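*Asks:* Each chain is listed here by its residues.
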Amino acid sequence: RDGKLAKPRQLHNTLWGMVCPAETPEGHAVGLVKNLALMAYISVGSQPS
Amino acid sequence: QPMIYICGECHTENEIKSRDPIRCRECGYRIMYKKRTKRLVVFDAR
Amino acid sequence: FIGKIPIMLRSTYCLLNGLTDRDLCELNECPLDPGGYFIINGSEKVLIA
Amino acid sequence: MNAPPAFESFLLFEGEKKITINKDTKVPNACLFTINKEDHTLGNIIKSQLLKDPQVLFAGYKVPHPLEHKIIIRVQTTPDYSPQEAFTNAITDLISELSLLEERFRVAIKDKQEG
Amino acid sequence: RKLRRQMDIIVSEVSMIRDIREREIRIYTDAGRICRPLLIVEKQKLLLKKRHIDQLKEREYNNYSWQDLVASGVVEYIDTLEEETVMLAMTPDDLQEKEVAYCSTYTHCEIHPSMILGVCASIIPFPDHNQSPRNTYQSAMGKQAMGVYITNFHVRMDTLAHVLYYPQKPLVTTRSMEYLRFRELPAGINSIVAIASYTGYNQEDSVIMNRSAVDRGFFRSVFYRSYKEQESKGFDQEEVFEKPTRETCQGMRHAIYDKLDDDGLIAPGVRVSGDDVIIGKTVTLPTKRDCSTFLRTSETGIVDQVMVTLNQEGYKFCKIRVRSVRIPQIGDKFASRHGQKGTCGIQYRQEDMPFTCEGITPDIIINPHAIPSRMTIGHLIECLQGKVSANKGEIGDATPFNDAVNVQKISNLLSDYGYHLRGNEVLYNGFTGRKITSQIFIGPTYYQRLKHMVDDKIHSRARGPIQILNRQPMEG
Amino acid sequence: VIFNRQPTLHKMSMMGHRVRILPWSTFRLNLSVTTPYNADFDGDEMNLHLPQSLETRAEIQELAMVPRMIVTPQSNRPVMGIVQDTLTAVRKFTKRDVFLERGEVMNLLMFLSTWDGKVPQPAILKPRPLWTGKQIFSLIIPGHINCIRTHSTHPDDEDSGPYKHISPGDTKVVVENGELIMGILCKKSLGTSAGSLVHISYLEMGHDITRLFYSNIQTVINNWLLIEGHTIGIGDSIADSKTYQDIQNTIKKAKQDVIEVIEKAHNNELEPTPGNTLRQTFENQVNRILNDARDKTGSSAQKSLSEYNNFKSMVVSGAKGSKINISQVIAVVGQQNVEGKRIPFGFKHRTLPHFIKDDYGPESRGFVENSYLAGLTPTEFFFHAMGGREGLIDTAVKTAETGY
Amino acid sequence: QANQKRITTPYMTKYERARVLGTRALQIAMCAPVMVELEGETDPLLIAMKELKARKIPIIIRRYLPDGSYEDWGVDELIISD
Amino acid sequence: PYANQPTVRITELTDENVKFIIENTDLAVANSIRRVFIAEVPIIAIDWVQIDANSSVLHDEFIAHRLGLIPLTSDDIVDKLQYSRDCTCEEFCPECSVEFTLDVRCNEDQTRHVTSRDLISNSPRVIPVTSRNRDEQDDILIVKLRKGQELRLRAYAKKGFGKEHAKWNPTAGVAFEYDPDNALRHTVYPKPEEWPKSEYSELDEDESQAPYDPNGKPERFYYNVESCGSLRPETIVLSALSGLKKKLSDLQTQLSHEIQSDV
Amino acid sequence: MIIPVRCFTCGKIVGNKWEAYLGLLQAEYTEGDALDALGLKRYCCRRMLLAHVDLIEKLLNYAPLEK
Amino acid sequence: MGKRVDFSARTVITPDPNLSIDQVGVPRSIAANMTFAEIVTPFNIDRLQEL
RNA sequence: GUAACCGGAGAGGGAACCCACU
Ligand SMILES: [Mg+2]
Ligand SMILES: [Zn+2]
Ligand SMILES: [Zn+2]
Ligand SMILES: [Zn+2]
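Chains as they are written, first to last, in PDB author numbering: chain A, 491 to 539; chain B, 13 to 58; chain C, 148 to 196; chain D, 1 to 115; chain E, 588 to 819, 821 to 874, 888 to 1077; chain F, 456 to 859; chain G, 46 to 127; chain H, 2 to 136, 144 to 271; chain I, 1 to 67; chain J, 355 to 405.
Treat each hint with caution, since some may be false.
Partial chain B-side listing against chain I, Cβ under 8 Å, derived [what the hints assert, rightly or not]:
| no. | residue |
| --- | --- |
| 1 | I18 |
| 2 | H23 |
| 3 | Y45 |
Because the hints were derived from the structure by calculation, they are not lab data.
We put the CB at the ideal spot given by N, CA and C, even for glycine.
Turn these sequences into a full structure, and let the hints steer you where they fit.
*Replies:* In structure tokens:
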């Protein structure tokens, strides 16, 4: 945190439909703490064999 | 002196003295709620 | 015996797994509670992704 | 915990005066009437009844602060006519208006009930 | 893709990605890949059909669930890697039709664009009619709006628990709230707001409240705080719950200990205040010294319930929860669903409050100077649709990208109920009775009460306690 | 007491005050004093220090009292100004067509602390006595102040042409011998600008007199606002539906121009601007076309704007909002920018998976042809969220450098 | 320095005005004899203000020059700003 | 320099509301009548709640608030009672208060609705508004009880007016309207054609608002006083008029005393 | 939790209208017909029942503290 | 350079147009906790005795 | 008009991390 590199904090184009664009804390964690979209699902992993 | 308590599970008023393990004489349940007090409560309707 | 692993609520080995709303109310649990958190020292803990 | 009691809006303390009269030194035949534990409900009608008197040169009210419970009525009248007597004539005319209104309203109710 | 769409060997979460200009073709199976479901589009037609919709509409009897829909090969889970190499359409009707051709080679379609929002941002009505920092602020303040946070809040002995007396589901809502269960555990009341400059007590982003409504229970809530304590720790320094007696125990506050029962606790239902003993605990002095827990200064609540039990060490353990209702006063922080926060500036009674041709006096008056720079046009549209809904009998629909409802349609619907089509009304001054020269914009809007009360922030000091290392005043 | 808002940036952040005891549990400070403190009353907390020794109490009284701190040494301007309802209501009150009844004039004059109890002769004696808003603001203005200001909507050609000293639009505020003769008072007259009416008042009369001037302005104007009224509504944001057609036509020709510029760039028919490469000159052409379109739609919006509009009633007074806020509300939100450029290609040579590859069109790179009334299509909503995220990040990041 | 060589301003600056008023009203608060006949006002700060306006404060100001020297300016002898 | 002569005619009389018109009076007088309607009409509502038992899921102060918002039928007793702050007695007597009792216990498996019918007054004429609704409608719900739950309380009803608390507000909706057609133009319509006609307006569909008259003064004040159920709508107006008249008389007495003490 | 006794804006009694409102909705009546069958002409009173969520039923599903 | 201080209060600010710019409204709870030390003198001795 | 019967005792660790407010 408290870093002057705003590039990680910015909303990336690949956040469409997987991370809420609006929802983020306004403090020193802008863009670093981001919630999850509604239908966004995180894969759980399986064997590739 | 009596300090009647309430079992969380079977809701049984059971006598407990000071410095005893928190135990219900039936059902062995270990969480107790105290009672409602006897002193007067006065509430304005505001 | 190796130890006791903290277990997440509403998980597949949690004691509230698959219980109906009437049973959850009988257990003084909220049927609307999504779960997904740990109870440790009687305090809800949520693993942030 | 700083909330004032609900009865503070209309109840006088011990030693308080319901009405206070202060002469206005800026202009002649002018007076400031400070009313405690009253509000627009009384101030507006008092001002309106005062404005009907042709011998009243100035009439208005204000509440200095809505959290406080006071209202200030400044009355300036023509010489040979006093602001105090102007205020009391306005009050005694408004009371007559209200009494006549009561009589007419109850008459209207009586004739509305099966009439 | 054929195997993944039938779940023969490749599971749905696995993503296959073909880079074309550069010859790599990558398959990912590891955990942590974030993905979302998308519809499958052939030549120019969806695989979702009237038969799918029908057999899934009659669910709970045909049990044709989302898993069966996935197995039908109708939807896929697409992560970012596979989202790079795919072509989506926002709406099948508007983006799959014969026209001046844009793509004509779609591969997937979105179920509904409103699903790009989160949880706190899915409760915003008309979020595409607001400036984005307003939406961010509303997503932040939705976590602070007080309401019934859980159904079993009375069995839940919890510190800092806030519940509202009369929560209401919003008159105007998104179709995404029924999935957040916001209409079952709402946080806020559908207030009738009048966006006007009445007296000046709302000038800088503040708000006037109706004192009579607050008396009637408007935004009234109760604050639950829980206190825990456990007895024990040494060879002879045994902790014990009891009433500390002055001749026996050495150290005591001026606080009155008669409120305690002889076991050392208060019975639930006893009025309590700051610097009042709640748990009488004493340690043996090698006569005795107390470690009694005092109620937090300036709390002034009432004990709700007292529980005694044993912790995992087998020692007596007590938790006590204290009720304290918080009547909305001036300075309490209120906010809408559009990032329009504000503290109450003054509370006028119903007589002092402006009113319509009827006796409708706004529960809330906010400064109109909060709209033009914030540009919360969603707030105005919510205030309009709320009146339309409360007059029609329907619950308003504020899906972000609905495109089936707009300001003109809402205005035409409102004009049928005897109101000005743009929501304005002719209010009368509450003090003088003269009708306000300008016409007031008024209507039901879903306001929220935030946890930031003023009684939890106000404090002073005059030579109080002092730190130990450097003799400066304490902090907190 | 001395009273500050904790992020103290200048000596107009710690200012003296006289304590008045009020019932409820909140600090209450006058609305002109909001500007120096940078307060917002949106949950702000301010902490109050009481000087204990009588020497330091007198020192605060003689140095840091707010009436003494009106004019900054930072930019030789007044810091407190009429703000946020009182400014708009003054603009509406000092208009030419503002007339007050006998009872209304008495009610307003009752809120003047610096009033001699002498009712001025009304601007109209027959058929029936009516006063004017300027006639009451002249009593509000203290002493004998002489200043000349210009209203926000003052036309440029008015000074050159005739009617120079008799303004058709009632602009060119002229205060003479402590009396408002003509002109509509706006931000540029009663605000924090240099040479404003309040600045002249502070420089001529005492700081206490200028304090009384704030108090009288705010009280009497807020009490006239009880009669006048000021709102904002969804009807204030609608157009004539001929302005909607004009805006749609402007957007459509702008889109056609962008498309044909893209065609010229693709057919290698576009010559790079000297001092720039092909990519940046194409970017410059696209930005010029989009900005011209946005400006034209905004100007059409203000032209369509009515006299009774509350958005205009706010922006002209300067209390809140700007002339581009109305354009973004009614006509066109605009083109979203991240780091000055259009929305970058986050995906493989495209912005979102809804756009075809290598799509440089206005809709594909952040331009929002919809306003805040018609709503934003989901692509435009995401682009606007991403654009506002940049400003939100900058707001947080800038503090740790500026305070240091 | 001697009375002939006084190079500082003859105007009583705002800091001198604040500190003289504070330190004189403090003396009035400690029951120092007032230099001006009062009309029943009880606040020592207003008493000190009245004394300053009447030019009767029994205090002189030592203005230290940067080189190390100083000048003794009597409150009655230099011009009050307000 | 004297009072004007107002006239009143009733346009609708009902147990729920009274709608009428007042002529030849001032805007300030009409507003003060409308204002006393809400603020200064004394009624009987319960202000002292003592809960002996509460096993419900709504807490004690919630129950007390919902109880206090319950209106009580006080048509003539409110005139003959006294404010508890003015009565010479101790805590409570029948001369300044009315005792209420509520003892409900749920024993069957069916959910028990605790309503205002379960409140037992000591005075038979001061009761909730479940008195008469024949010429089916429900009663005010207080709380719902599960099997085994109960609550026992004793309450007192004081005399108060709406300036203290909204529970002493005898009226629900006080419609106030003067000059329905904008003849005085106290309000200014940017587009008068878009505004719906008032109920009391007398204009054809062609005309949007009345022509302006500079000589006009506000008269013909239209009221629609809707009672909550405690007082009759017809007696709310009479009580408000009496209260305003006695308030003015008290102010006049204080002014006369002050003047005669100053002279 | 439970239906308020009075409308916050108007003050008209709404506490007795909830059960009748639910009964009317347990019929062909729509919300717009049930509200004015109960006599709610103002939208201030209409929203009181239209937007009310009745959480007391979910609260009663839990066993009480006593017996 | 900076440190905690006595005789200081903090709460939420709210607008109020009915008091001058030099006035600030403080609650009775804050005013009844923070104190100012007045030196007794024969002028204010009776007032301070009553206080 | 007694050996004041206790003398009003309040100072109440700290570090770490997290969330949040302006
Ligand atoms: Mg702020
Ligand atoms: Zn048991
Ligand atoms: Zn009695
Ligand atoms: Zn209502």
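*Asks:* Work down the list of hints and note, for each, if the structure agrees.
*Replies:* Now for the hints, and whether the structure bears them out:
{"no.": "1", "hint": "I18", "verdict": "6 Å, holds"}
{"no.": "2", "hint": "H23", "verdict": "4 Å, holds"}
{"no.": "3", "hint": "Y45", "verdict": "6 Å, holds"}
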